[PDB]
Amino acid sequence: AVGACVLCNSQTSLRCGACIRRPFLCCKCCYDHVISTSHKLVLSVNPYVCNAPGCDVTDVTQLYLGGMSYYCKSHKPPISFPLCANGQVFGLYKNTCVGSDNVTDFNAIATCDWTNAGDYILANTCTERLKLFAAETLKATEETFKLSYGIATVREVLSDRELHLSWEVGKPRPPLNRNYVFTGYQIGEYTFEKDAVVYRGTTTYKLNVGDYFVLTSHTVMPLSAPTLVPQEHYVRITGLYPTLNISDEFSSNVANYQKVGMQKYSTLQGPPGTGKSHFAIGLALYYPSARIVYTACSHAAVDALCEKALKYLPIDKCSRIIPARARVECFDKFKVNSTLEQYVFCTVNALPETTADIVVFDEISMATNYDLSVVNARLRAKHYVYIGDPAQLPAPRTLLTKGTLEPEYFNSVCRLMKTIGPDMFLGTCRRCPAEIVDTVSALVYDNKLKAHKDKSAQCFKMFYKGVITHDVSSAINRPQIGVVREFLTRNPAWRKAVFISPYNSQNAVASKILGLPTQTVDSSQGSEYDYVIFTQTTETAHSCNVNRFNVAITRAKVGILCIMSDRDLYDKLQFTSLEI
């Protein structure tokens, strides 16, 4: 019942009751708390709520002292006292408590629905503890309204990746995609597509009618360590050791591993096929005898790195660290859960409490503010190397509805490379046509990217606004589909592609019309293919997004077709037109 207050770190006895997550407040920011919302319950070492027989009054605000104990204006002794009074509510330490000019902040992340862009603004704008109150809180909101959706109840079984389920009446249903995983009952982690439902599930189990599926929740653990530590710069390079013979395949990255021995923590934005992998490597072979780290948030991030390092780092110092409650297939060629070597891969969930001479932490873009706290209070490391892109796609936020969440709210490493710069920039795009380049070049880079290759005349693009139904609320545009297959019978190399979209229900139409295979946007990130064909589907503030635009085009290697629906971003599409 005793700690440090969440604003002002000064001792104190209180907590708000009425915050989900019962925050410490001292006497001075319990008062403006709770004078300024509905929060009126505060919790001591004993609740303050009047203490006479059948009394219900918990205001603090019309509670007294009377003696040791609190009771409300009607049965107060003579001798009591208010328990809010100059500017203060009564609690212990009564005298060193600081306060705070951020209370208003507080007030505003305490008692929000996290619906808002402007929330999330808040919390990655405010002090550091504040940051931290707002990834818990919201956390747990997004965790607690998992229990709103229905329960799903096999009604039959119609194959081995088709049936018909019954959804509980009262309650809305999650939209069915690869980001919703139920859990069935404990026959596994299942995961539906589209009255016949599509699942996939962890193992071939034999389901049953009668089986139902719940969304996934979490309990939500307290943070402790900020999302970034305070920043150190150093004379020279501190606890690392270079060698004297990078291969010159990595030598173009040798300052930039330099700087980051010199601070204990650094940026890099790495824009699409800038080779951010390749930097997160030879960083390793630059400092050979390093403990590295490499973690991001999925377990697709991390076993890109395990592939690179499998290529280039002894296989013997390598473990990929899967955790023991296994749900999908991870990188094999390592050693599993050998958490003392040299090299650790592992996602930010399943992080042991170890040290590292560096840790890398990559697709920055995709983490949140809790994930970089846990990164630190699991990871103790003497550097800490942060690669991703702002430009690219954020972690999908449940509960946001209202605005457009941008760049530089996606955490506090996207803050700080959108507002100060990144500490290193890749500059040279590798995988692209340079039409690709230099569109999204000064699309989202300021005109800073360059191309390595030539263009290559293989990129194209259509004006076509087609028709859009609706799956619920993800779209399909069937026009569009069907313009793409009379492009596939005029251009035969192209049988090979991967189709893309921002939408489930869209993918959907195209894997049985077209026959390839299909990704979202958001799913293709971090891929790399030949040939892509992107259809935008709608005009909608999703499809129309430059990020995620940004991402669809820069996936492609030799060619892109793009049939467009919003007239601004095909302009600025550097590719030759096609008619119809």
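Positions refer to the first chain, counted from 1. What changes on going to the form deposited in another entry:
In the motion between these two forms, where one rigid part swings relative to another, the hinge among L449, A280, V103, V509 is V103.
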Given for the second form:
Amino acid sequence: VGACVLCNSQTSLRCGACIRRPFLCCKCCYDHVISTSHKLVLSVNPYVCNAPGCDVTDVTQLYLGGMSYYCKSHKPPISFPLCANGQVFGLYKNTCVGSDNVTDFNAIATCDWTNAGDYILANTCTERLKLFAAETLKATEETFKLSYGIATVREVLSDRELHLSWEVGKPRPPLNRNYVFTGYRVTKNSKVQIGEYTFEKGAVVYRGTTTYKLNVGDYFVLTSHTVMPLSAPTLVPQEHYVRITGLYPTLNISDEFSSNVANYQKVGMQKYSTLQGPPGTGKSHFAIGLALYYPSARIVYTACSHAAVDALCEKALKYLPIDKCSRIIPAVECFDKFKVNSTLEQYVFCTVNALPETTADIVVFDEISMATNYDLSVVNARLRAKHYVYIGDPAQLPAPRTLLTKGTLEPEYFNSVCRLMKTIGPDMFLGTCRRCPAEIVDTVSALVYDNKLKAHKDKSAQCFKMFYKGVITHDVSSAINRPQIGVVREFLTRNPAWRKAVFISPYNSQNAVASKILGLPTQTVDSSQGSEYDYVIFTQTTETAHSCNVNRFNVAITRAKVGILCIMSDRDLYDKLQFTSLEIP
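For comparison with the form deposited in one PDB entry, produce the structure of the form deposited in another entry.
One chain, no partners, no other molecules: that is all that follows.
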């Protein structure tokens, strides 16, 4: 018993072919079963034939005879059909409103999440379908991980390197950082966790959470979890106020936070606010300064990743009283300088998925590009707050969508918050990049910030681009451009000061080859997000949708504090780089 995801009409019916078993009202359930392949209907019991060894589960072929359900063949002489009068039978028949179209629900209930159009719909439907879409999608994602073969340690060739035997008749996951495994030790009559791991082509290189002397017969599965049902919306209803509400500004602020005082007042004068902070513009400085501006405010600092919560902790460690802070950790090494798991502390730092049920003066949700509507809903379900501040940058990278293959996901569809920031604009903008040379700031300002991003620094004159397609090879799930690495190696011989550079590419296999040939530290663009280096050498590797994605490119070139060399495949992005062109040797 529950509430029709289309009407809200109370019901005793959930579609049992739908992987999330959403409650459907007599009208909406009926319109659903008749217009799709979904015909299992669940109530107090499941609408299935109770006859001895009968397979009929289709609600349009079933009857309530006695107090059981039967198909045509096995029904008693006295019965009625479960599924007639443009409605399916169940409790609360009389209360039931239905919908003009069930078209959006049907698409969400039945899509396989491989088309961009599936995510576009999930982020433009009614709020209640946004929750059903986010649950349906996360469940589909978690089920897809079970499709992958077990990987087993066949041989231990060295430390940090392994030989893997793969389960037959199941596919193998890509071996990159977006696929975190769990090891397991072979025991008497069961198995125990031995940490979370990542793998990369060698044999395979393994980067584990903890060290071990892991031996043969240890095996790896992408640990999947239970997706809980969602209740709270992606955004609470917006409210604008005429005064600062439920907060009391400090009378003395330091010139270090003075640039944010107007924005801090805007936070206190609406229910939720969006802050777009391009790279190096002071997102975490903003977030911690809010605490100092409203010194009495209880603030929960959340984000999706331990790293993002940790960065907020590292900024708080500088500026806030340590004794007033707590890191929430569920029973991976994260921040260990605050007291642990003290919910009632003034300043709570905690990942979305570990949030306690509590209230707060302000909730700060950082790195919003990386949130899903699933995460947005969970924050609203766990935290009741006077104010919500959503900090991030719809021009940076979203959560990977493992199932997505046909089309690109635009920023307005990353989640509800990113949708607001791309359609109505952000409430607040940090307009001065402090990190990057002016050639990089100007480039991304035009590319993705509608020329609103301003440079603190001068031109470095250490920003270079080279147009070189080279040669692309593919391994199981990545790309390599040896000749592009060749160009970087030749550049390094004529410019050996660049040997302090970090090497960045859109591909782990490109990074693996560059590490061996160049000896630079390597980062995927996706793994460089939030980090900074003096010198960056970027090889585009390919001209794919992945390597040309403007958000990935933005993140790639904004890592550089001083200098950058971009070896480009794509004429388009090459031409948009406001950098000094270099000829090929």
